[PDB]
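Here is how the chains run, residue by residue.
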Amino acid sequence: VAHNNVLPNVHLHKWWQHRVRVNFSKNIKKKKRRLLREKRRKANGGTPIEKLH
Amino acid sequence: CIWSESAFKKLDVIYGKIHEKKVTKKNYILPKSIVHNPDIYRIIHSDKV
Amino acid sequence: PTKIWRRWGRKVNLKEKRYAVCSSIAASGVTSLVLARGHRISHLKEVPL
Amino acid sequence: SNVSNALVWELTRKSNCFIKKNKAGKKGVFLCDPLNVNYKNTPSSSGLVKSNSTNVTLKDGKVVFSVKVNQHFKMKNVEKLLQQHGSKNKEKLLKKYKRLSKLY
Amino acid sequence: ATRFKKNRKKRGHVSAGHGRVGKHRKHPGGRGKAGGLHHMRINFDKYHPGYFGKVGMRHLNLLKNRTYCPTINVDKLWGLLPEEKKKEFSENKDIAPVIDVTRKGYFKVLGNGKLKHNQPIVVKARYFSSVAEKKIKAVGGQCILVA
Amino acid sequence: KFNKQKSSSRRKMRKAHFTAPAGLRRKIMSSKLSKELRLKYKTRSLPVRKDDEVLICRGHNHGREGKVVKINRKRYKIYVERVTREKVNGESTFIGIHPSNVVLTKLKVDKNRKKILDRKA
Amino acid sequence: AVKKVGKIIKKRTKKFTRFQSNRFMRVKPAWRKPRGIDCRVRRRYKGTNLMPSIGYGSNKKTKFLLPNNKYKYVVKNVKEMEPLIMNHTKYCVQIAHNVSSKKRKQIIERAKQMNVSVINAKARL
Amino acid sequence: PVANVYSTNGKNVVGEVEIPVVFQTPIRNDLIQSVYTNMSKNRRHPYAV
Amino acid sequence: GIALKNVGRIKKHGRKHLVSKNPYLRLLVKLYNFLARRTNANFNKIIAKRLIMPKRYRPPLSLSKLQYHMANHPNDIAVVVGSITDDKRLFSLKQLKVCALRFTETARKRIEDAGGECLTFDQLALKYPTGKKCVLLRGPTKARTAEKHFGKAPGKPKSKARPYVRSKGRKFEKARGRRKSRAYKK
RNA sequence: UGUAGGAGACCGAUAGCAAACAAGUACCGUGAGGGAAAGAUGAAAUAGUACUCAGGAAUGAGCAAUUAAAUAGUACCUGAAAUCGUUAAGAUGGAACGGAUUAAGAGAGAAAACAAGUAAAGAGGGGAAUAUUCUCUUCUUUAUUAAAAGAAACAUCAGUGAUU
RNA sequence: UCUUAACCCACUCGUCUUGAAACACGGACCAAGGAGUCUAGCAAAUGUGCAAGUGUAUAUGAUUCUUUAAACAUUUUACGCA
RNA sequence: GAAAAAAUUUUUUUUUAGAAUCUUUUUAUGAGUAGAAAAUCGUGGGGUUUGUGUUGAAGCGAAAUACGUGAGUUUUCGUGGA
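In the order they appear, the protein sequences are chains A, B, C, D, E, F, G, H and I. PDB author numbering puts the first residue of the first sequence at 2, with every later residue one more than the last. PDB author numbering puts the first residue of the second sequence at 250, with every later residue one more than the last. PDB author numbering puts the first residue of the third sequence at 104, with every later residue one more than the last. For the fourth sequence, the positions run 2 to 69, 77 to 82, 86 to 98, 103 to 119 when PDB author numbering is used. PDB author numbering puts the first residue of the fifth sequence at 2, with every later residue one more than the last. PDB author numbering puts the first residue of the sixth sequence at 2, with every later residue one more than the last. PDB author numbering puts the first residue of the seventh sequence at 2, with every later residue one more than the last. PDB author numbering puts the first residue of the eighth sequence at 6, with every later residue one more than the last. PDB author numbering puts the first residue of the ninth sequence at 2, with every later residue one more than the last.
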């Protein structure tokens, strides 16, 4: 540490490089979820699949 | 840009006009210029100036 | 070694995004700008088409 | 409202297809737009400034006199057209025509 | 990014801005925060004083939602009310506005600022400051303790 | 274009071009049909067969008509009777012609060809 | 030494070829500025290969001018004639490296119509 | 401020429409460039060794 | 050889010209530079310089603060080389004449509602090129949170700069040198 | 990870997987193991060097010969530098090169580094008048008057010296 | 332009070192390859958009479906930070 | 907003600037390792613009009355064939 710099709070001392994950599937995953529920509803005659709480 | 009259009229609705609840962008307000009129040379030309 | 850790994307902000679209549409409006952009405007018969 | 010829120069003084600048010695920056009178890059040269701009060009094997909406025409004929719609400048357009007219 | 970097300014320059005499090597006082109090005491004292030691009792599971505190000052209390509605209250001497601060998201009303003189208002809240209470009484308003 | 089932890469198309099964080899050994024949059969192009009569439209050998001798599927080259060439030692062989460069006049009729024509029309 | 031609004065003819380039064969003759200590260039000992210096820079009226008395403009398309006619009295055409002979000949003819010589006119003939 | 609408045959000219208020917005060319570049970064694929 | 202090050079500091590529602001500073050089008065020159300045030297001015100043100048035109912000601690307006660099829409609407006047700098230039009977205003410089950390070293006697603290936590940065009980105190 | 798709602001054969290939191979290690180098003629070889002569043969040459092309012949695309060969020119009394400044040689060049217009007869091109009459133009060609431009030289000034 | 000449001047470059022409260290030669980067968090700077708010998070939605792996939208007290 | 020359007052020849990180003008200044800044020039790819291609480009060797203080840029001949 030097000059006006705040003390750090990082935890990258453990071997994080094989414990890290980056999401590149997001929008396609969202599309897949939409497709899955749409297919399910349609299969059920188009009848509601929704749950009343 | 080549517009349909349909498109041109819809555009006007979208960014505020008629206040259409689903077509309008939710409580959106268009930006305004810092300079009211960019003809600076007309300001220079003016009698007061 | 290159890794997928790389900050490829960016958050582009909603108000900024809207402003860019609106301002680009306004710019598209301007006849002088259309020609400057390289569109062959000579035989066109209105400022927005 | 939000626009002027002055603002257009601010937008376009580096940015325009018709702007060409010499690499081979850095003295020489041209603006070649259809309504541009003298093909140096200045707004007073530029076809994007004057309200009903007037220019002698050549295109498609033919000397064309153009006026800004946007009208186009092909010595007596030239002389007559310049006197008619037109508003230093006349003298330059005559000089330009003399040079253009010989060309094949 | 790459084309504007300091390395692009210094590309053929040996040590290249990091000291030819120095001959640049990593963390040469030791790692991270570690030289604090020992070797970097002067930096830590001058820039982060109250860092070292043990102060106070402990509260083993804090549970911050239990003691949650969304405040407003009296100054901004009127600001929760629209302009035209406020004009109607200003006009009509016979009535006062009720303001449910909790329904607008707040629990405590504090005493910074001014309430306009001779102008009753009803303030509903869980908590009020002594000063806030005094101002509400002073202006002829009412305070409502409410859950 | 629109289908995402098949690659738009140069790479896959080339590999497919080189590793072709026989029906594919036959497809890319098709030639364009003569104009009245196209009207007759309702068919733009046909797979070449042994006793076909082609006209050459490209290369130094253009404008020559003639019967097909042998077809070379492997090098994708047809041989025609009057496109001879002598070699370094003076042996005469036929010049191999890619099927892009020929237009088909009289196709050979046979049972398989009849089935193809019936399928097409 | 100094090379006057009319009111076009150019200060230095000889290019500032790089320090001891023949001495170490790996070195190329184009200038490279020593970051070396005791280099006999920056440490400014007389009698070595001279450093280039901004002081040698051209006069503002000349700046990029040729003994031709016209600024060179490089030409790869016919269409480049249209600004060059108005500037012909101050600018000269040079035809680009690529230019196909049929097009090149046509440009040469055009240059004559514009009344401006091509400085590399004999090329590709 | 009215702009003329044309038919699909450009010989013929139909009902004139008022220009939208979107086209009156400021032209922020630097904003448009910076947003475009930021957007382009979002469209670029990741890479690693 | 001539002996020279600072090698004979005037090497004064600050902005050369507007660094932004924003067309409207570049156009606006050209106008105000033109006015500044021709006009006798200081006013235009000061406005031109202030228009050029950095973002942190473009603070917002409070509507309440402008209102508080203008009540001694009751018919006069305020010009503000920054943005004007609205106030939700403010009960009502007293009707104002304001030229500003930027208006928040709620403030502008409030000014219009009040029957006041919203002036752009081009409109001001047209109406008042001299600046006679006009009033130059500017917002707080040292209000900003970076400046709240500037000045004398944390824990050094009489200091009152905010530290660049590690985190919000109770146990942190209240001990050594910040209370007499632990080591010492500032 | 296995298999199948689809990709790219990725690499372009010293890179990219160790592997664009008959490479997890050759090869090395007692063994566990360690582990390479290694792509491209041409459109077409169903164009891959026929023939002749001199040679023991290899090879070589050809009046002979494929190809658009063979200092393109399968150790085949392009073919840099280092390196070494041939011819010519120069230099050469214990270095070698350099800087600054001239010189003599050896090369190169006409684009500013001379000659507008005028007349004659060849080659082209255009515009107007109501497809072809009128008319405007640029290059070659014969010779025929200008001129300008720089370098010299002296004089004349103005600035700056030195001299008596 | 190249080429020798000739007068005058001209010490191995890099390098660490207060100090190298050195009896200091590295360099036979040539070609290709060959070294301040990327992520996280933070800071100041400057630009930009908005302002007592701000960001739209996960996600939902669509007459969104080669390029679309983005773009667009979000039926008034969610959360971060202020 | 008209200056000159050539002809035979009128014909012919040249020129005729307004682009703010801009143009005109003036004066002062010009050392430099470690170091900081700015202006440049080049390489790979991307979008964009408007071009160059087998009446041989790139590439490569040798050059150029070439241009740039400079890195470099531009170009000629030879090879070369996408």
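In short, the hints are calculated from the structure, not lab data. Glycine included, each C-beta is placed from N, C-alpha and C at the ideal position. One thing to keep in mind: the hints can contain errors.
[To be verified] Which chain I residues face chain B? A few, computed with CB under 7 angstroms, are given here:
#: 1; residue: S21
#: 2; residue: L29
#: 3; residue: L32
#: 4; residue: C119
#: 5; residue: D123
#: 6; residue: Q124
#: 7; residue: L125
#: 8; residue: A126
#: 9; residue: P130
[Claimed, not checked] No farther apart than 27 angstroms at their CA atoms in a straight line, the calculated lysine-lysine pairs in the DSSO-like style are these:
#: 10; chain 1: E; residue 1: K55; chain 2: I; residue 2: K89
#: 11; chain 1: B; residue 1: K281; chain 2: I; residue 2: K95
#: 12; chain 1: I; residue 1: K143; chain 2: I; residue 2: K89
Output the indices of the hints that this structure fails to meet, ascending.
Hint check: 1, 4, 7 and 10 fail, others pass.
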